[PDB]
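Starting from the given sequences, assemble the full structure and let the hints guide the process.
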Amino acid sequence: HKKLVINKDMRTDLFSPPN
Amino acid sequence: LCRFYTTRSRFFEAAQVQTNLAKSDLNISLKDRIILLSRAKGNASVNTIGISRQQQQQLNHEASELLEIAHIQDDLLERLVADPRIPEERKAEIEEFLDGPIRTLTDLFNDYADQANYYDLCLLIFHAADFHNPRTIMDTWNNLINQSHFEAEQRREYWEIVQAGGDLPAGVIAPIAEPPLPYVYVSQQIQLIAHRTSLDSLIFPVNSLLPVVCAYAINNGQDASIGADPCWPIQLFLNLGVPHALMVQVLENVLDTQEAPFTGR
Amino acid sequence: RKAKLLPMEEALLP
Amino acid sequence: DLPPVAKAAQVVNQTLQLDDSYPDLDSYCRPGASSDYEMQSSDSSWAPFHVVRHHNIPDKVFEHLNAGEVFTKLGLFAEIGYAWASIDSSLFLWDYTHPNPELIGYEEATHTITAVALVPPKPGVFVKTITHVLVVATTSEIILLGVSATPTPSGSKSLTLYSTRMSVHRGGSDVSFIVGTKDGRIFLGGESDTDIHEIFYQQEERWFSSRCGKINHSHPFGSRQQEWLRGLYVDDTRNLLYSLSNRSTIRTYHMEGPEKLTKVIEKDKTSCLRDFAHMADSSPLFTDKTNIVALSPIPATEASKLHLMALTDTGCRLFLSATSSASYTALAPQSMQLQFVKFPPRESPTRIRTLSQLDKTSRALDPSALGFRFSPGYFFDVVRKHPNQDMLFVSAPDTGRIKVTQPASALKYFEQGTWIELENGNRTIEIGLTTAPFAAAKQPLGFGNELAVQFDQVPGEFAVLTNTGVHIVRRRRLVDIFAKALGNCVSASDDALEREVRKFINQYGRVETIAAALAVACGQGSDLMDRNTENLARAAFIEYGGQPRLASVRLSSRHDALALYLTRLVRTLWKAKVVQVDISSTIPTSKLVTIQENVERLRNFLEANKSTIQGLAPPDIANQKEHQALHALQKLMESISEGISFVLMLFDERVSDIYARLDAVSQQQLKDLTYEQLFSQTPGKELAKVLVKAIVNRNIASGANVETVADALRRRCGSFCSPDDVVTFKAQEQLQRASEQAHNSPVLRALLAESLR
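As given, the protein sequences belong to chains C2, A2, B5 and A5, one line each in that order.
Its first residue numbered 730, the first sequence is counted upward by one per residue in the authors' numbering.
Its first residue numbered 1046, the second sequence is counted upward by one per residue in the authors' numbering.
Its first residue numbered 342, the third sequence is counted upward by one per residue in the authors' numbering.
What the fourth sequence shows, in the authors' numbering, is residues 74 to 292, 306 to 415, 421 to 446, 453 to 625, 633 to 655, 666 to 695, 700 to 737, 747 to 884, in sequence order.
No lab work stands behind these hints, which were simulated from the structure alone.
A virtual CB, placed ideally from N, CA and C, is assigned to each residue, including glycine.
Errors might be hidden in some of the hints.
What the hints assert, rightly or not - Taking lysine-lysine pairs in the DSS-like style, the calculated list, with each CA pair at most 27 angstroms apart, reads: (1) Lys201 (chain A5) x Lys345 (chain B5); (2) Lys762 (chain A5) x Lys752 (chain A5); (3) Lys195 (chain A5) x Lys539 (chain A5); (4) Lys732 (chain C2) x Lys1076 (chain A2); (5) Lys345 (chain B5) x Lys732 (chain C2); (6) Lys345 (chain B5) x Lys195 (chain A5).
Stated by the list, open to error - Counterexamples of contact, computed for chain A5 against chain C2 with all Cβ distances above 12 angstroms: (7) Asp93; (8) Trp119; (9) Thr323.
The structure is reproduced here in structure tokens:
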């Protein structure tokens, strides 16, 4: 997609192992 | 099929097949999608008899935009996989979602470029998206400058330790040669981007960007004390092709308003 | 791009 | 004696109770064993699950991953649609729903990251905008980061990180597992030992205590043999914490307080095997050589006795109960026993479609490497028969067969299953729920009723993280299966539909099947040819709906289907209070809109087929009561729509203002007014007539527009509003506006004279 959507609300912690 | 069309001077029909294939959900790698788009772009830029100029241009334009986004995505994927500070567990996950169909610019920004602080790619993304937001653009410029400065500082430090006998942190590839001063590596970053976006972009608002770079030069002693040309920021943007009148025009504004560090003596 | 870490002052009240 | 809407409301109340009597887990997983499966091909319309889309890992993550010097790791934050990757001392998060995500990088850490998790925050600690806490464990320390995952217009959470100054030195014990409780408690475990640690943190800094602390709850000492953990698992509904060890030992801990953790049960594999030997059916699939590879807590809302599922590497699901020694002093259990075993299916996955005793010897799930269970029993098993390709077995309870089974002593753990193939090279890492936790009721009876919630909550979706991307798997409802099956009957005979319909009747019963046809006919499942499918669904509703008969009458299955569908559309409303007293609405307005739209589309469907559907047009005693019953339901539908419109009108104004200028009896009547009473009982109608008579009074004080609020009340909620009241409202309009203009001399003689008219 060439359309950007910023959404800091609900991301996935880039610096943690997964649940 | 496309090879058949082209040898028959039916370039537009080939560009159509290639483009659709690049947008499709077939199992095609990103790099192959880059090749398909690049070919379509070429084939749609030349006349094909029986087809209107308008129809050619519209296809050539869709291929050009998708190719720009694709290259961004490819730059991301490559960098992320090679990044020492990214856990292996995550890399495999990144490779799954980026080595396939081309993603939107929003996703590329939010889920990848912004998370990994690849500010140069963030800027290329604001360019490809016609992103009208001067403040965010400048915030990104400020982060890119500072990030690059810290990295250059770090590399010069490591070098200074080699030339003194010390030991570098575990798993740090030494520098066998004086790395560039921070203002040299910073301006390298500005050039790479400039050539990629062509100065005509909204990510090069000279009225905001030139004062910031000048600010950096002063606030980080990138001047005569270290053997740099005190006019280096001006040289940089002139060679880059900023028109002389606009330069002086901005510099005037800097002098009249006496802002941030441009004060006193 | 290194994620901007907003300050503790905003984070925890009061 | 009893009017239509009150008669139909009686049917709704009895239908609600029927759905809430769906068997609880303990009742069809009684002590014993089962191997009941109906397997479906993954490409079949009857598949219980199917892959809807996939999201590749970003290329930049591949660059970092292949740039890994020592250690890498991947994980899922399925609750917010994010994944993460750690490379040595660096961490990268990204929104996997986004087509070109930007990487949220965090590289402050100095040592190798060994675990990452996203947990709830401790209340009263952080600003309300902080939705989660990010726990990052390294070989040297654990780090807490504030997280704000606010939703965006696109439907994917925007993630921003906050520093906290909260951190503690790890110590000598590895941290590979982090879990969080509803209240923000953070528990840690790893591959050094079986000890469980907890991280405390608080807002205030003290001279005698730091902002962040760590303690070992296990208090170990003396001689200790080698043993470490394979996972940690939380059950907030019981205040329990479970650990699984490498020796397949299951330990249960109870949170007797906000800062206490007490070990209350320790059950080794020998104990499980002894229980298993005392069962009637022993099996070579569970021996002292067998390993338990995963646990899955079962909440108290789902089952009272069965606390825990344990998965063996041979594919056996062990269901364990736990019981307290007493009934009073949360109460901690003190015993755990293996009670029930679900043995593996026999059918293996095949490229080509292949063609009653307890099966306790199947190897189809051998070896099981990873396993997950989600309420009401969705089971994912990663079978690793070959070292390059994972096969995914996915099963669900056969809700349709469980609901129809009679008597209760004949209940068994019937399941629908399927095999989902992942491509060569896909190694599954983690599977997490992306939608809200499933719950059809608030207690075990009724909890697992998938049929009841088909139209109240979206189908469950699950993110399957592999080393190449994230695959989305979606649970399919009856209406999804019914619509898909009918879609294959579009090009076939009159007898082709009847054959497919008979499959549904034999599994779900006639009422549930006809209710699915009605739903599909009304457009349900279309959020996913469609006119022909809906027309086929209409044809099935008419042709196979049955008829009324003398046994007091037995109404047709067509009638019960209409009552069942309508009830399920309003089940979240019926018994709920309308308001919550600063007065507000119990049900969000957006939910009231969708419910009303669904009711109206049902009404529209009955009107467009008043001539072809039996019982709608007037017709001997049997068809008579069939007509009366159907008529009463339709009168309840219009009353439901009027009632919902009235509530929406009410909260468009300023209810708190209206509530203030009100008498006590009417405040109390409004306090405990339910939607049922509003829809079907005179006091709700009488009270509605009072509220409308009061809102217009207030509307005149604001004086925006009287004649617009008039036509608003006149038409939509007609039959509850009165045209003699709006003309009165028009009169009180000029009267109050004559008191507004009171200072003017020539304007009143037109206002007062027209008020008099």
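Original post:
So which of the earlier hints does this model not fit?
Top reply: none
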